[PDB]
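Student: Letter by letter, the chains look like this.
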Amino acid sequence: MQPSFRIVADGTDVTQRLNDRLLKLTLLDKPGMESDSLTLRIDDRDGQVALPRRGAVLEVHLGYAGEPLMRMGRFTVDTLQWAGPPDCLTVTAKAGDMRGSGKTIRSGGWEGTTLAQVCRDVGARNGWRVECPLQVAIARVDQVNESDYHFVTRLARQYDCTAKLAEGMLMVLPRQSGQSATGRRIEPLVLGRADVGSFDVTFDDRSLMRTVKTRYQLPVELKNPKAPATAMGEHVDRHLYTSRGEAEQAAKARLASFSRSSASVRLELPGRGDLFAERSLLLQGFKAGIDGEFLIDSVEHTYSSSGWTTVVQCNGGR
Amino acid sequence: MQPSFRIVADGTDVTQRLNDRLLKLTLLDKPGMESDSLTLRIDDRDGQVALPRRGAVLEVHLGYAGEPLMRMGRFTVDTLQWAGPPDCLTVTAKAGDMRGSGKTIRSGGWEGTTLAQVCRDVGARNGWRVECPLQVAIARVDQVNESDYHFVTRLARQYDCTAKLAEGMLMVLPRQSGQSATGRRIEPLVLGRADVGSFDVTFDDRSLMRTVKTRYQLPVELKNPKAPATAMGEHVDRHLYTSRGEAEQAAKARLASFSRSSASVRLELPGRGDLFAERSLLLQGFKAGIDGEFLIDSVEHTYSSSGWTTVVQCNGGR
Amino acid sequence: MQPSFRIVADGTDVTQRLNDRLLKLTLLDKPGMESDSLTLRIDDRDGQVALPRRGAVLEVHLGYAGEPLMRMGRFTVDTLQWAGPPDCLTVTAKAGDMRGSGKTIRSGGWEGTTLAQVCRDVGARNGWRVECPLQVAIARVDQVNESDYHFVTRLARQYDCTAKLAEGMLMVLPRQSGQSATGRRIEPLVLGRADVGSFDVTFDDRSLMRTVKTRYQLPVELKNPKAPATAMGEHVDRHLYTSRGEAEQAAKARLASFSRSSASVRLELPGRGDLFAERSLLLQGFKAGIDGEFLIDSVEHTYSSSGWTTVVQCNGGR
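Chains as they are written, first to last, in the deposited numbering: chain C, 1 to 219, 227 to 325; chain A, 1 to 219, 227 to 325; chain B, 1 to 219, 227 to 325.
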């Protein structure tokens, strides 16, 4: 049991003095509303570590000494702090390598003959946009007049692409891939009582759907699902906004976002590195209404003076 | 001095093992924005308490052993949690018995010949709506074109019925009764120094009205009160939204909601159970500008390993 | 080293018993969104200090005993609290003397021939408005149709005058003067390592502009700056709202509000009283990318049982 780390800087970030002078770490794997985020805390002997390149690519490997290190991601430095008497730092770093916190704010609008989530990310984001090679494997028949009027281009994925017209979208910024949820890639795990430090296995019935109904064009109708993984309920009818042709099948989007809050674990673990936001967990060795699949929201790998606390949050993956 | 409790489950919630395995409690009596809320914390001897019926009616009685227990309310379980090493629970439960967190989201719109707060709750909520037998004793002449366009039916009480067109409304979800404030029922009390644990007797002059002026139909006028329980002020003119015929007398609504923040106590007590959100307090035994009536906002009855902390918050009841 | 204080009440607030019975203090010097704020904490020997005049003018002097006291400001009491067993108070007080938390809510609209920030504060706020003698030294050619439709008159400075059409505005409520930033008055200082208790020297690249582009009238164009004190960037294009003639030069407003978050120190000091929101700091004796000018956001002078903690926050003053 001995954690180690390899911070590949690919240049003159610091002259590999980060191996000597770390104090803590955090990580994330967030599909929702944010990217990943390194944190560093670096000593000073009255000034030894210069302010690094704000926009330097960092490659991070974690794991134990005497074991092969896991793929952890690649990062680019955005924000920097300092401290008082101990002279700390917080060299934080976000996901995208070729584009970090710059050159992503070129927006526009699309025409009617644009197949959505093909002509939005595969066919539109390759012409020097937010993050180029990310793709969506949804290729449904979409010939609706659709455009971003004026949205921030990382909120333009949210107001029209990957939250409202999601139908389960991930928009995970690292590794340049925004997929859907419910397990596009075959990765199971097994957890028990003899692995886990703590829990928060919550449940909500404020956010139970029983039906999901949407809105259509004015010349206004609705198409609904009738079993949101529950048979104990009869009727719930909720509406937020209108639509033209997008919510003809995007009632499946609200099947997720209310039932993702229906069951949510938050369990702490010592260091594995076998934990990502696209993998499902089989929480074995628990009580009656807990055992089952859970899609992992976020994994928070940390160093400290204590070790690893890889906090894993999840949603109800049915 | 010995607190006791009777949790009547009226079914197979748990087989009365809750009498053996509690750890804490909370309660509320909230007129504003929420219902009441039980909390429970229940042991596990590596799994003894199964996950209860999410929607089981619970009747709660509190008080001391050797005294008659007080009416505390009836509750239906919505949310459930867990914990780490000690294996806790939070079996929380909201107000309404026949309708808890389900089957309340059927909305609609009304016509012009609808007397407001009679044809809204007495004459509209009896046809299988949010919570059926709750009534409003305001029967004023209201022949205005009024309708909910699309509101959540518990926010439809707030955006159009019991906050904007309130004139003092309570909308207290337990016991199926949403009344007005300023004491429709004759219940006084007396408190002193020898009863109370702590205080927070706040005051605000950021939210002092001196007049209250509203808006009318376009073919726009205003009718105002000139003494919001103060004579030290001269002029304050505030407007938020327009109205058709509702704010002809709903300038009395803003007389409350700014002067409810004018004086607000928050005093802790040991266990009584004689404290509800509809009762006025006479805080005797205090300083000069404190003694007087106070309508109770919320009462928070708790168990612990310490005992009772019945936190009582109030507003300025003039 | 002995802090002293002179609370000039100019009347029968308390009979100078505040010199005997204080416990703590806070102050502010906030240009943004708030005024200054005293706090007091006053003992009770079961009731000795009556509730003071809510609207009594207080003059505050601070500094050390044996030194001339500094100008700290004048204040008017608004909010009051109490406490539990120790019987505290929080006699808080805001900036304006002639107008505190009252008689400031008279609004209106202006015509086309109104030179902005002359006919808005110098030529409009002298007719019994929010705070009378405050002035703006910006006298640019503004013949645009401009009016407040219905804004709160302290938000009417924010939605149209000193945040959106700011171009660096301060709107500092004490001493009746709302100026622009970037040092209209010649006041430098020098700080080092041997003066300062702690730090938070943050940086942000989420809020870096590279260009700043605005919007115009419909018969829509843009005029932009191309160097927001950076040469490491190439293109950032951000838009929020349209304009008629105001954002012809108000692209300089967004040059500040994004680069004010680009560098932000927050350093604690023992008591000086030589620190105001309009003064620039020269943080000497530090590392490479820290040394330079910093416009002070806010100074927080406090008493305690420990002494002074004059927390000084700043922005990047280029």
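Hints are computed from structural coordinates only; laboratory data are not their basis. Heads up, a few of these hints could be off.
It does not matter which identical chain is meant; a pair holds if it fits inside one copy or across any two.
[As the list claims (entries may be wrong)] Straight-line distance between alpha carbons at most 25 Å, and here's what the computed DSS-like set of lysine-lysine pairs gives:
#1 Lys-103 <-> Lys-230
#2 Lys-294 <-> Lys-103
#3 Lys-230 <-> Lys-294
#4 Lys-294 <-> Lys-24
#5 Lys-24 <-> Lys-233
#6 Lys-103 <-> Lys-259
#7 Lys-164 <-> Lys-230
#8 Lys-24 <-> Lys-164
#9 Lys-233 <-> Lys-213
#10 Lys-213 <-> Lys-294
#11 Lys-24 <-> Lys-103
#12 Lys-230 <-> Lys-24
#13 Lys-294 <-> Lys-164
Student: If a hint holds in the structure, say so; if it does not, say that too.
Tutor: Consistency of the hints with the structure:
{"no.": "1", "hint": "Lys-103 <-> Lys-230", "result": "between (40 Å within a copy, 19 Å between copies)"}
{"no.": "2", "hint": "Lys-294 <-> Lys-103", "result": "neither (50 Å within a copy, 29 Å between copies)"}
{"no.": "3", "hint": "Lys-230 <-> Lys-294", "result": "neither (37 Å within a copy, 63 Å between copies)"}
{"no.": "4", "hint": "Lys-294 <-> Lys-24", "result": "between (35 Å within a copy, 22 Å between copies)"}
{"no.": "5", "hint": "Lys-24 <-> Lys-233", "result": "neither (48 Å within a copy, 39 Å between copies)"}
{"no.": "6", "hint": "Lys-103 <-> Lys-259", "result": "between (34 Å within a copy, 20 Å between copies)"}
{"no.": "7", "hint": "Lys-164 <-> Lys-230", "result": "within (16 Å within a copy, 34 Å between copies)"}
{"no.": "8", "hint": "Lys-24 <-> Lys-164", "result": "neither (37 Å within a copy, 40 Å between copies)"}
{"no.": "9", "hint": "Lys-233 <-> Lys-213", "result": "within (10 Å within a copy, 48 Å between copies)"}
{"no.": "10", "hint": "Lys-213 <-> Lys-294", "result": "neither (34 Å within a copy, 58 Å between copies)"}
{"no.": "11", "hint": "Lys-24 <-> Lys-103", "result": "neither (30 Å within a copy, 49 Å between copies)"}
{"no.": "12", "hint": "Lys-230 <-> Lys-24", "result": "neither (51 Å within a copy, 45 Å between copies)"}
{"no.": "13", "hint": "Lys-294 <-> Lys-164", "result": "neither (35 Å within a copy, 47 Å between copies)"}
In terms of the numbered hints stated before, the structure departs from hints 2, 3, 5, 8, 10, 11, 12 and 13, listed from lowest to highest.
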